[PDB]
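The chain that follows stands alone, in the form solved without this ligand, written as structure tokens.
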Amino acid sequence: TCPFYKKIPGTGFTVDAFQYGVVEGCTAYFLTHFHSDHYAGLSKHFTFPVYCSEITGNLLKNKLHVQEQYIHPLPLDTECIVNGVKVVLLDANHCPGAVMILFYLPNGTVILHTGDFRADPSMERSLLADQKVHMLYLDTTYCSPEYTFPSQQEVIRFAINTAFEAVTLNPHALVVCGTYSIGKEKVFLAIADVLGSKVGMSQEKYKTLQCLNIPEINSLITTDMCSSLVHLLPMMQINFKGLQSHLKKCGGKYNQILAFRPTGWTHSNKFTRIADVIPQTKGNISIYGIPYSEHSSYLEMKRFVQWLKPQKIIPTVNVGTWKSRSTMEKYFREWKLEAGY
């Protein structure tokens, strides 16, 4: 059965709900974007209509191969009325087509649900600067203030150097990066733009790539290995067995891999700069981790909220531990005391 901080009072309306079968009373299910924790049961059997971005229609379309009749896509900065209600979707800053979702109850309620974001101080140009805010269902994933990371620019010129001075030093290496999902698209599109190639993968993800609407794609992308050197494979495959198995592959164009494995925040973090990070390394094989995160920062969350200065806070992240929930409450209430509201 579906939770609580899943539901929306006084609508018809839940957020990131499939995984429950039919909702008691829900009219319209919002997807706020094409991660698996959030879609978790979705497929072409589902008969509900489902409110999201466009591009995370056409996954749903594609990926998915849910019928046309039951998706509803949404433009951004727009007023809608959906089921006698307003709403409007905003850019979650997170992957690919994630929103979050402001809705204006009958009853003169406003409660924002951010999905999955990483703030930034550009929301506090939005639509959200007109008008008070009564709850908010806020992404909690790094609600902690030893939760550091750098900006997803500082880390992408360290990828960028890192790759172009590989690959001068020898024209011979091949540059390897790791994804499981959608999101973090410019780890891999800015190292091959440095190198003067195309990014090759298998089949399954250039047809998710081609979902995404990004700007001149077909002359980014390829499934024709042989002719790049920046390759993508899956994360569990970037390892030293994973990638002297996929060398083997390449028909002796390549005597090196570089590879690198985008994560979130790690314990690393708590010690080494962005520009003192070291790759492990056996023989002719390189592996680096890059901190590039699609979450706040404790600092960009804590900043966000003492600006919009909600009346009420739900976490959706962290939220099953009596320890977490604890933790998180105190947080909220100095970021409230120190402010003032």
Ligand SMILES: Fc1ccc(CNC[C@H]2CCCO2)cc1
The other form holds:
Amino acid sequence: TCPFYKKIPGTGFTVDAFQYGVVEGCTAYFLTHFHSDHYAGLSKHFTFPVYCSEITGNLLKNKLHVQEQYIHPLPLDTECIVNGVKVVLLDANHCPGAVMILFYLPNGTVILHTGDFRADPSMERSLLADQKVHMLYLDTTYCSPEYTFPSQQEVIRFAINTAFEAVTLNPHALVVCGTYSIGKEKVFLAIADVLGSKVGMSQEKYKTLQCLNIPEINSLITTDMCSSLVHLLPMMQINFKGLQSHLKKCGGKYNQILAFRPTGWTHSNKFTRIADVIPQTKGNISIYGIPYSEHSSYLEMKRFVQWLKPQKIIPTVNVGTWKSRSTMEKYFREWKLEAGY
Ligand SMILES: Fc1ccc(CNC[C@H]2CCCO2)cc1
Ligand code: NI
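Could the form deposited with this ligand bound be given as well, to go with the form solved without this ligand?
After this comes the whole thing, all chains and molecules, with the earlier chain placed first.
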């Protein structure tokens, strides 16, 4: 049974609601982005209309084998009519193809569904600038002040500098980056670029990256692992055992591994600054956990909501416990009293 916070009132629309069977009343299923918790339930035998970005559409077709007749890609930043209702897709600053959706209801109500997003001041000059939003369905992943982390630019600067130093000191070192979904591609792309290398990966991960409309992608990635000194592996293999095993396969070409595990927030954010971050080391293998987030920090979220001044907020993350729900409701009231809406 589909939960209330995935239904759009006054419409036949659901958002990220593919694991509940045939939802009664739903004429169009929107998909904000290609992450498994959100697409859960979609497969090649789906037979209702799916509305999404072009990039999400590419992934549905090629990775999940959803038939072409049911995929409805929409351009960004463009007023579109779907089943008699005006909608707009906006960039979410999440993973490739991720969108927020603006719905202009027949009765005059305006609803923004953020999907998953990393709020940014640039959103204050999108098509949101114009007008009033009555209901906000909000990605509240990190809605508590303890959730701090650096900008994506600061994290990438650290990764580039760390990798360039290590390989200039030891030209026989291999760099490895963990992945388990789309998103955070800048980490491995920026490291490979500083090292003058393509990024090597499995056939399955290459296929995924070929769906993302990244400019000049054929110049940046490869399935030929031997030609590359930056490799991608599943996140699960980024540990001393898995990396030891990988180094064996490389045919005495390398004598050191430097590995990166992009995480979200971890409690080491509460003590250590990005500049002060150190790896876990065993012999000739070192592993860095780096806090590269594709969700809003608490401060970024607060800024966005205080700018938008929505009449009602509906959280879409951390809704499963009374304590979490109460905590979020308290912050929403603080933000409203401070800003005066
Ligand atoms: F949005 C929320 C609000 C509250 C919580 C509960 N845990 C928060 C604690 C542990 C880690 C940092 O503070 C989770 C998500
Ligand atoms: Ni996501």
